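Participant: Listed here are the chains, written in short residue letters.
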Amino acid sequence: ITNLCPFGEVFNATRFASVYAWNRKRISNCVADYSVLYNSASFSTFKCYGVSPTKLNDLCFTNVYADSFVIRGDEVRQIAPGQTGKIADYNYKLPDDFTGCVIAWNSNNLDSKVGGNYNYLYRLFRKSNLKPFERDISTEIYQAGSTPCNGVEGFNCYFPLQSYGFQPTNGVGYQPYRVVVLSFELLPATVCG
Amino acid sequence: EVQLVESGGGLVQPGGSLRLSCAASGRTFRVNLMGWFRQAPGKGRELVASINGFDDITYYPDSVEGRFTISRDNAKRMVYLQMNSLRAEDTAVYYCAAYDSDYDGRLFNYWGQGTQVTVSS
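Keeping their order, the protein sequence lines are chains A and B. For the first sequence, the residue numbers in PDB author numbering are 332 to 518, 521 to 526. 71 is the number that PDB author numbering gives to position 71 of the second sequence; each next residue is one higher, with no gaps.
Keep in mind that the hints are not guaranteed to be accurate.
So the derived list for chain B, only partly shown, Cβ under 8 Å to chain A, looks like this [claimed, not checked]:
1) 35
2) 46
3) 50
4) 59
5) 109
Covered by chain B, per the in silico footprint, the following chain A stretches (three or more residues, Cβ under 8 Å) [what the hints assert, rightly or not]:
6) 347-353
7) 463-473
8) 478-487
9) 490-496
Because the hints were derived from the structure by calculation, they are not lab data. By construction, the Cβ of each residue, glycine as well, lies at the ideal position given by its N, Cα and C atoms.
So that you can see chain B by itself, here it is in the shape it has in the complex:
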């Protein structure tokens, strides 16, 4: 099977920083591209960052680009997301996403449990 185990992420102060990590265990993925998602209470699941491990190419949606950064450790099967200048808007559950391919080539997605991060004064 596959299992993304997310660690890091608790309580932070507005303007502070925080690094989340995610570790994959199970079958090796046919493709190397992962991402982090953020579901806020009362909102839909949002894309925060995506990293292609085969390449050195990262993608951040216009909502958060210069503030968050995504990195990877291929040997350890780790993926990290560092968040800086965190604001109260960022309170949410952060999820791990590991993309794979089917025989046909269509890309699907494995999910981690998610870790909650709150930014309160």
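Chain A on its own, in the form it takes in the complex:
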């Protein structure tokens, strides 16, 4: 008796994390079922970099990681290697040698409310870009001008986060999209197929 990876808890989770605070789940010591991944739902994006989906069953990985977050459709093109933008630079950056998969699906029926669902946030400004798989969760005000800021919001001092006003009538590009990135570590390997 050897349990299976908790992929349903990741994909079929009731609520997803904000992109700035993307959630991560380590997947070790299990036997993964990738068949249930494809045809259990309809995804609007399924792209794998450096790995083959037919050979996933025939490969054994040491440490798998399932990152999850929510963004708008327009930004789904930033969850890939060597991409730039607000999401790729200040929220979730994937390395150039990414060896994994990126899945994403529309979620306007859960993550958008009439009048705007402002619970999902994203970072606008940082002093620097995010290293690959780095998470910044700080809420210190951003110094956007020559005048330093003293923990008080004001002229040229802005809060680093902003809310996605996800409405059910928005355009498909501005609608919420749940994203799941499967990273594959290679190094005793406790994951298989």
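With the hints as your guide, set chain B onto chain A.
Facilitator: Only chain B this time, still in chain A's reference frame:
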């Protein structure tokens, strides 16, 4: 309107502990993320802790991380800050901050009156 009413917080002994609470009343916030601030006499307003209520994610600045902790009670609209091993440096006024969003999405901040806490021998 909105009003953050802060209770708890008085006089403590160095090395002691203390729990502050803050209760919001008024219009429900478009976002669930709050924080505590600390203004010492002769210093600027400092960030002590911030909690995201939509998520289970907390943020503490490097000044005080392993000593203070922030929690929330969503049903009661309460937010708490427990401080342990309090030192004389911690003497200050602690303020409540409830963040909201405008139609544009830019986040602003509602403030509470603040409660004073002093750590003297």
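Participant: A separate judgement is required for each hint: does it hold in the structure or not?
Facilitator: Hint check results:
The closest approach between the C-beta of residue 35(B) and any C-beta of chain A is roughly 7 Å, which is under the 8 Å cut-off, so the hint is satisfied. For residue 46(B), the shortest C-beta to C-beta distance to chain A is roughly 6 Å, which falls under 8 Å, so the interface hint holds. Hint on residue 50(B) holds. Least Cβ distance to chain A is approximately 5 Å, under the 8 Å limit. Of the supplied interface hints, the one on residue 59(B) holds, with its beta-carbon coming within about 5 Å of a beta-carbon of chain A, less than 8 Å.
For residue 109(B), the shortest C-beta to C-beta distance to chain A is roughly 7 Å, which falls under 8 Å, so the interface hint holds. For the stretch 347-353 of chain A, the assignment as covered by chain B holds, since 3 residues bring a beta-carbon within under 8 Å of that chain's beta-carbons and 3 suffice. Three residues within the 8 Å Cβ limit are the bar, and the stretch 463-473 of chain A against chain B gives 4, so the coverage statement holds. With 4 residues carrying a beta carbon less than 8 Å from a beta carbon of chain B, the stretch 478-487 of chain A meets the three-residue requirement, and the given coverage holds.
Counting residues of the stretch 490-496 of chain A whose CB lies closer than 8 Å to any CB of chain B gives 6, so the stated coverage by that chain holds, three being the minimum.
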